[PDB]
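The chain below stands alone and is given as structure tokens, in the form deposited in one PDB entry.
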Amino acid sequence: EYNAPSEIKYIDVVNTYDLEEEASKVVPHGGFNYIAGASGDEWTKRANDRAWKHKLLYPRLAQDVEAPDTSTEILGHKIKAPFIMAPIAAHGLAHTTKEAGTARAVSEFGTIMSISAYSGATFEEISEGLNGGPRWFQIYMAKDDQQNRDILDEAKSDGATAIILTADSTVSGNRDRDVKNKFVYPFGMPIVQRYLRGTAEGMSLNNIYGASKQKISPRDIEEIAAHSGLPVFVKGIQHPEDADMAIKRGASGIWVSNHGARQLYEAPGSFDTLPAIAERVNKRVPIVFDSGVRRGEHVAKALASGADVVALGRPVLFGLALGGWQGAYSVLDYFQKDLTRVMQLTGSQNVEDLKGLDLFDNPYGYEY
């Protein structure tokens, strides 16, 4: 009973904020609000966005720069721009082509697709979209150790070159939109088919987050690392002590995130947590940053603040919310062009130069 959009077209992206309102006049109310919403009254989602005004870019003059190069390398992948696709469940809420549609955009653009444990697409559907493109697999710890062995084997057979252990979701955030809407996922998770015992449709949202491992410990990071023989990112980190713990427990990367503000409420905007984590990590492993990236300036500010790449989420999905629809390859291309402008105006010839930018401290915050 779910009428997702199915039209395929390029979009002229002026900015990613307008993509949210664009789509809701076939684009189902409950699924839109599942994608767009966040915990509580969404103050921490607003914080993710307003945090970018805390540290401001300087234009830099006569820097001897032209035709900036956005390419970078992470864990042996050369990628077209320093952004990857974040792992997101249930892309079928946004478009009938679901994760296969996103994978084709990501692969055709030339970056890394992160595949959610809660994908609505089969791997063979996602694989058809990827057409050999690089992919990382995101897992939740299962209570059942055999389920963890089986899903790590699945990801490795499926050509994953890293595992993303999302650790910030041991229970659901207080997602008021989903509660008020009495939102139920309308389709299955053909990858985690080994846990929910009864039915997937008969479980709303509280019973599925509950279904996964709550008692994750550093030993789980050690055991994923040992079993997989792949680099493991720990995703959801906001406190520097968790970054040190994760690296000591064998993580190969730190993924700074608050899950798009969909988890803990009345927490900091994700960008505000990044410098303290980067200083603690002190180059030991690569850092991925997400939660609120909407502009080229945000990609630059994350790199200047210690991230190696950012991950994109909601703007890429925007095949849905509020008005008439937009989000895909056009969105990836927008971010690459947007970043190229920012590189030219900050004196940055290449992605390494972005990592050396000094930012202006704005103590007044958003209202200035």
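Residue numbers count along the first chain shown, from 1. Rigid core (definition): largest C-alpha set, two forms, superposition within 1.5 Å. Compared with the form deposited in another entry:
- Looking at CA displacements between these two forms with the core superposed, a shift of 2 Å or more is confined, among 331, 304, 322, 47, to 322.
- Relative to the superposed core, residue 65 undergoes a Cα shift smaller than 2 Å between these two forms.
- Once you line up the core between these two forms, the Cα of residue 153 stays within less than 2 Å of where it was.
- Superposed on the core, the two forms differ at residue 26: its CA moves 2 Å or more between these two forms.
Output the structure of the form deposited in another entry; the preceding block shows the form deposited in one PDB entry.
One chain, no partners, no other molecules: that is all that follows.
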């Protein structure tokens, strides 16, 4: 019923954009379009990408820099580069090794794995791929309090060192590709099966999101932090007022995101929202930035604009489709090498230096 790729191999990554077309040749049509697609006619996914041309990097010369160091620290974790893996559901749509393959790439590379509540793999299967590597658990909340306590407890017992509350998906975005393809999951989701009564296999994302909590309030941020005793990120923030609210409600981190343009349509590109959120956060908690990171220049620009790290999504999954853990690893390696070049050319010896960069304002936008 679903024949995902199974080959494991390193891949030569020239750029991450070319991975999308390459993955379209190996991933079944429905699954591929679930991964690649976005809301409406995808204008906000294009905005995520074109937003990077709004703020341009300066080359800097005679900066006394050599062999830049990409390493950084977040919430007590030293990581190889200032990027983590975003929480993404159902990795088995990309590759038979599913979340275990992604986890092995992430742990082998040296950064943090975010586990989706809508994983097709069990915590045991992901833990085998991680081999001790650090992990954060992304909760899609149950409506039932006890089921949230049980999910959180399972995640922390598996070794989670933060909780990501994704709050921007109380209902599905208008994902026209998935509507046209009548996309349903071809396998179950063991972590949230408890609140689907029946199995996620043959269900639409509309109906799984429909089972999760719609009426998320700030109390939920408080109650997740109190129960887990772990730092809580609030993910999906695009408006500075939600950042201030989340922090005052007990969040330990702000995760700036529009879900890869999969949720609200005719909204800004994610990168354009980052400065106003960073200025309102004003150093109170760490910021993770995502939605549209494709190049080392994007990592640099996010850091220069207030993000502590970025999260990587689609490009890593396309890498998993093309090579299993080694393909996914190839993408993480591409980003680290890509960033190293950009650090050398911007005069940046280390990740802190990137946070100090001035960017050129491009008022003409993409067409210039």
